[PDB]
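J.: Put together the whole structure using the sequences plus the hints.
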Amino acid sequence: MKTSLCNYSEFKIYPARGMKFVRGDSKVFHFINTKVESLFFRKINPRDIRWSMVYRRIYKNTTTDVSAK
Amino acid sequence: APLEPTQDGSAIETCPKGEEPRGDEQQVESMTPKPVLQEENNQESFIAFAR
Amino acid sequence: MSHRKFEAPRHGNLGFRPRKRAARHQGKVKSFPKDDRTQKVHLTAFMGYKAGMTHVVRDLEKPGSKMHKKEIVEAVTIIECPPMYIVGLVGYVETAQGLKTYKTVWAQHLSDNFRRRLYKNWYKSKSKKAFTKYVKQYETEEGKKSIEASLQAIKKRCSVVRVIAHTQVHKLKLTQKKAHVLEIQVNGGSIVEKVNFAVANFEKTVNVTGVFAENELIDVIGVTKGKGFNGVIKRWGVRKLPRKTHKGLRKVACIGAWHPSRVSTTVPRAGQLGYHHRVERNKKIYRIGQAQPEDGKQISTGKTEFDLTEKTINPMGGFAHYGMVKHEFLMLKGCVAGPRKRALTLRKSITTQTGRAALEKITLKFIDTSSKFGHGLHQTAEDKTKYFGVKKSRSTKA
Amino acid sequence: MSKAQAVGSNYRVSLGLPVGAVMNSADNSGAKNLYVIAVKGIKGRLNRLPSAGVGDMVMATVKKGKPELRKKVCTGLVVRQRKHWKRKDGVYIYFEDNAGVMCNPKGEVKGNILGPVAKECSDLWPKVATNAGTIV
Amino acid sequence: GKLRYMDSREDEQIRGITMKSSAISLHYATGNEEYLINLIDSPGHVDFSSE
RNA sequence: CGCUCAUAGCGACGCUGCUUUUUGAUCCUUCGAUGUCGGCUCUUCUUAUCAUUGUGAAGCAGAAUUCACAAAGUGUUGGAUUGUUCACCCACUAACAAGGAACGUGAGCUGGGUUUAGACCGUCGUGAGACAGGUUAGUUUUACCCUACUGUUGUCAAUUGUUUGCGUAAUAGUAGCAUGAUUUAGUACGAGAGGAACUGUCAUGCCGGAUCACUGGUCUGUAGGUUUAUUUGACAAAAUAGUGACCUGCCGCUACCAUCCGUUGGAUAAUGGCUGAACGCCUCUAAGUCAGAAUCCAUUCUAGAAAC
RNA sequence: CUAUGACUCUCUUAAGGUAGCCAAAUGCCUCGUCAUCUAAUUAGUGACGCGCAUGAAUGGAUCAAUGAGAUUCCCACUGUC
RNA sequence: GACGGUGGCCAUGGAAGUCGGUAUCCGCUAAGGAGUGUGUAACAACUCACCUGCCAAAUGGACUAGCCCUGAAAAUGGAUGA
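Line order of the protein sequences matches chains A, B, C, D and E.
For the first sequence, the working numbering gives the first residue as 213, with consecutive numbering after it.
For the second sequence, the working numbering gives the first residue as 22, with consecutive numbering after it.
For the third sequence, the working numbering gives the first residue as 44, with consecutive numbering after it.
For the fourth sequence, the working numbering gives the first residue as 111, with consecutive numbering after it.
For the fifth sequence, the working numbering gives the first residue as 1077, with consecutive numbering after it.
Careful, some of the hints might be misleading.
Unchecked claim - Mimicking BS3-like on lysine-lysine, the simulated pairs with C-alpha atoms at most 30 Å apart in a straight line are:
#  : chain 1 : residue 1 : chain 2 : residue 2
1  : C       : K179      : C       : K73
2  : D       : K237      : C       : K105
3  : C       : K71       : C       : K434
4  : D       : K237      : A       : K247
5  : C       : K429      : A       : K214
6  : D       : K153      : C       : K294
7  : D       : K196      : C       : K283
8  : C       : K346      : D       : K198
9  : A       : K214      : C       : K327
10 : C       : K113      : C       : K146
11 : C       : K143      : A       : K224
12 : C       : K434      : A       : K214
13 : C       : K216      : C       : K163
14 : D       : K113      : C       : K105
15 : C       : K408      : A       : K214
16 : D       : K196      : C       : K404
17 : A       : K239      : C       : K408
18 : C       : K71       : C       : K143
19 : C       : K440      : A       : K214
20 : E       : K1096     : B       : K55
21 : C       : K247      : C       : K214
22 : C       : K112      : D       : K198
23 : C       : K435      : A       : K281
24 : C       : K247      : C       : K71
25 : C       : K434      : A       : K281
26 : C       : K391      : D       : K229
27 : C       : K434      : C       : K169
28 : B       : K38       : E       : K1096
29 : A       : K239      : D       : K229
30 : C       : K48       : C       : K287
31 : C       : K113      : A       : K239
32 : C       : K429      : A       : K281
33 : D       : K193      : C       : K113
Claimed, not checked - Residues of chain A clear of chain B, computed beta-carbon distances all greater than 12 Å:
#  : residue
34 : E222
35 : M231
36 : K232
37 : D237
38 : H242
39 : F252
40 : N257
Read the hints as simulated data drawn from the structure, not as lab findings.
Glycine included, every Cβ here is placed at the ideal spot set by N, Cα and C.
T.: Structure, rendered in structure tokens:
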């Protein structure tokens, strides 16, 4: 195996575990989580959960930097 | 021609135009050589064997 | 009526038909091979301990296949394999009825196994002074005379002998309040030779390196998981209450016919789910490890590529209920009887076999570290996460 | 029929659905649908569908397509199972939606295979491999 | 080689018909002359006939 | 009949049988009520063996059949139509063989039929009404008892030390079965067309035992978020909505909806011989004995005896 | 008789099934025949109809609207399987 | 050892004892059917019928009926009562 981006996430594949997807267009889509897959199928950057750290930053209490917008 | 036979391989990366990869497998038997000059346009049968 | 199909196998093997709660919470032994090889260093049987499973990629060696060498993930079972101390010998005698334990011959070496075969003597279910030495522990200096006397006897008496072995686990985190004794029938060489070997062993405490190889087919014995009072729909491979309109929860429907006019022994029926022994045969094993403590702690796989950057193999954290590795290990090819506070009495196969992919020596690549929500891939993912931030993720949960 | 697998059978069975599942024809011939009758090699047991191949040959029919191709059974070839699987590898191929093609009883696909084709299928049936530029 | 219809077999050698109607363009520009050989494969028929 | 040729394979006219899986004959048991038929479910059983294995025949060159034996160890399917067995097509397959077991199985099922009350049609009947004539709607009750069985406590009080280790293994049960591709080999075989095997190799079907490294499944982890309505003056943080809904989702349990694992010795059967008489020869047999099945029994595996 | 039986002749019990309609909830034979619908249909539907034993207020024929009505077929949110 | 007239006559290039058919007779001998089969394109060759050598005293058929076997398969395990 080898490390690879999941094509809808900064979180890369641990060369071991996760899923794959082809689609009608014929494309590589490796995945790890089902949440990621769901997100892909929606087409949105993560916005119903704290797990991805995109959300903790923009909420504050972790990443105390940009704060207000 | 339809793009992406391999997935994360060196087929789409090279994209051969009859260079190094396709030079092989042309000595034991030529793969897809167009042996009898096939029908490009539609059939109009005037074939005969004879002497 | 014909049947009318064909198949109806007895859903389930009849071969385990009593399906009780198996007594011995270590893989009880009742079976070993036989030999007279000059190599008598083999003992037959170890006993390790399951503390979870992980997975591994290894390029496989089986030409004739669709690809002769190719990466493939295989699951893999890892077991803490502590030291087998051998507190005594037990001889035997050949006879009509079977064999017999005339009486044991224990040397000295350790006495921790003792305060496990204990705290149960006299009124109020239990006490903490010994009332009995009445089937138990001898002396030390005035013990070896007995051995000398009786060694000669067992030297002569050709019936086979096994070693009174036991693992150490209070040296693991588990703190087992049960006594963890085990026989290991010594094989190969002369009877006399065997007894001498046994005697020698009392002076020492063996480990699994001497018993098995990195590439060696075991027959694991354990106790499966005891899943509770449970139903026939779930205890056997029976198809359920045909409809929603039907009137049962927990049924077969027919249970034996007017036929011989009492119910048959063999008919699918609910009871309790297999907490039996069983003997999973020919687990090839991929590696014996070196023991963690006092260096070897940061060394479970060696070089980068083909063993990869250094690590411990273990699954991280203390676990909300479970165990974490601290000793040498065995990488058995996938699965074993029971869960993770459970004794895998090991023994080499009875009919050791050549075949093909029974012996094929084998090499590895990437190896997992478990739980995805909370952690990632051991040391590398530790680093990256940390870099990303220490407020977000680092990957250590006590 | 046919039969030619493989070497191996490219390992375990997986399906998108057994008997009574539509998958697209993915074929230049004017079959527009493929509906399963049953699958070849399924010996089967008491109450169990004859279940879809991973890349294996099936008794099928043109339910909605050309009327000439409509009715009359047809040996086919499954190409992509919506419902997923692990391979001897540690990957989980999974697809948009089920698909196959109508074929000859020596396995051969008629025109050219549309879209993506799992490599196992290709391995199984050399004609399939020949007649496509997507084998993923 | 072995293009434009010509199926070689050991069965035939052993003893086997496997008849076929084919032709390969086999001219030779050897030396200073032409040689109209041409691989005639007449299938014929196993019994006596007009065929 | 079968070119030839009674018995390879059939076998007229005729005779002897078995069988209780057809239905009748019967009315011995039950009318102070055995719950009628079918289908689902499930065990076990019989062989009259469909496949399988080992064999013997052929009108057996090969493949393909056909016939015989041993043999019930293991397998014997998915549908369409019908109340339905029976039936009747499609479809795979190694084969889709026959049956039994109160016409196995209604305190296991639905009730599709049949068997009541309501009705409809037809026919019959002056009519009340009849119809193995159709049609349509028409409560499937009770186990808390005895046993048998599943699993579990308890006892083992003469399983002998006020008691407890580690063992033994009698007895019982027992499991793996089968296919495909490939090699063999386009070789043998065969005029040709076609077209094999012993062995090896890699996989699958079903089955059996585990497991959860992976993935999928689920959620009272009410673990986090999103949102509705409401309430707590607002913000906030909470509640009610009997888990408010929704998206994620851990541990856990689990899916040929994932993974790993299921051996080898003797004893025989048919059958093929060997020496070899009865019967100077001759004969697989009488004495004697060689090979030899999915068989038998052990090995391995589950339980562990008022057994040690 | 080329014939479905228009038409004639006769017999009883007076008349002798007209228009319609149908293997219909009415048809035993019967899974009727032909046709379609299906991969496959004793199911349905169109047609045929010397109709066991249809049929004109015993009411015949059709049909919009309606129906916890009976049957089928297709799409129909796939734990019935 | 198992000969001759002789390839008897037919059919038939040929089928000579023997695809197949018919008549089926005699010579010489202890002994040999115009021939039981195998075989040969067909002849032959072998084998039989038929005769003698040796071994050295019993042998051959055909039925009859006593026990045993074959026939002789069905369904929970299994009954000369054990």
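J.: Which numbered hints are broken by the structure, listed smallest first?
T.: 3, 4, 10, 11, 26, 27, 28, 36, 37 and 38
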